[PDB]
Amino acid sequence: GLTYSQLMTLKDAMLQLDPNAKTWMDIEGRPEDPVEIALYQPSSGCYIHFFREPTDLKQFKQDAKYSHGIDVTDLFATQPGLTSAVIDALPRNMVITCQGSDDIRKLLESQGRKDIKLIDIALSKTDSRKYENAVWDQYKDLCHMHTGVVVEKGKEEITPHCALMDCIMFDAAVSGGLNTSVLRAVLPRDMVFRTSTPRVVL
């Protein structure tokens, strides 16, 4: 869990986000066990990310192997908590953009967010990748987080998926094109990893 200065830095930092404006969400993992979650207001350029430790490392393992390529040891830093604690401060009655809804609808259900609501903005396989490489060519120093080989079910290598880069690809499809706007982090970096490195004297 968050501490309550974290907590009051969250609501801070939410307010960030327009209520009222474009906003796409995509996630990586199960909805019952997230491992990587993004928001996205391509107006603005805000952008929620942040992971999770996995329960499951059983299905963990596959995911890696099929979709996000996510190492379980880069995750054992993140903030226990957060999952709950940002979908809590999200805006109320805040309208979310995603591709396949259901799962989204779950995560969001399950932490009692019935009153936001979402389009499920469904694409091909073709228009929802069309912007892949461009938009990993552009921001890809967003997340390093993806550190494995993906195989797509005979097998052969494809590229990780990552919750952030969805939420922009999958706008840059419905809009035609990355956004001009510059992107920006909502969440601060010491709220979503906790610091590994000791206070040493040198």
The other form holds:
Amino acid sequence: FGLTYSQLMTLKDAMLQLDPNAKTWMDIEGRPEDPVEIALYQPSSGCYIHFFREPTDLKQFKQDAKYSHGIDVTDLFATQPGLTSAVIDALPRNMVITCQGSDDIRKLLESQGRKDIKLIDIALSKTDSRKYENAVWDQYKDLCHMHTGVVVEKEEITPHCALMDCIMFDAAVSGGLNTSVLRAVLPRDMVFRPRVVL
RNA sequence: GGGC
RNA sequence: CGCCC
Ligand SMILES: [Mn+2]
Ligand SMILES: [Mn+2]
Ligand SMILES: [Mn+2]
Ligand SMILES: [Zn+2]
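Moving from the form deposited without the RNA, what structure would you give for the form solved in complex with the RNA?
All chains and molecules follow, beginning with the one already shown.
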């Protein structure tokens, strides 16, 4: 399934930092059956899961990049295969996950056999959900560098990040953005994999 | 319209 | 309106 026992032990220990009962956001970039960026966020603790995956459909990816995420495909080369399945399978049983537009999130969780996970859809408008878009990027821009491509709507807009979306959707529901220290759940060497002769 |  | 619900 991708991961050695040593890595599985590290992952399951890291995911115990998630409070099984706390408010948990989840957003993805890319199609549900072919995701390229996955993020979970718990505002109560400041814990976040954030990782990437290589697209199977390159033609769909390049098209999605111009209208949504703006991820350069070259930057996804060092990603760990099987991370998506391993993280989702390690999520607490009957966990309650909140997000904007639950349809794609549901299809991804169901494709991983996690029908037990309950989903709350906030179902806000694009304007209401992204009221604190500027404020989130102003505070947390250093947490993701992957969105370098120009994203259009014809008007240039801020690229869609799975992690930034989780934070800004929370700020919209709470009616404000808190100054809080964020903590990465996954080790950096687990997200990304490189020598020397050939 | 919502998601990408 | 590129795709998708
Ligand atoms: Mn989404
Ligand atoms: Mn998004
Ligand atoms: Mn629309
Ligand atoms: Zn990102």
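For clarity, a rigid core is taken as the largest C-alpha set superposing within 1.5 Å between two forms. Positions refer to the first chain, counted from 1.
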Review point. Does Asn20 move its CA by 2 angstroms or more between these two forms when the core is aligned?
Key: no
Review point. After a core superposition, would you say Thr9 shifts its C-alpha by at least 2 Å between these two forms?
Key: no
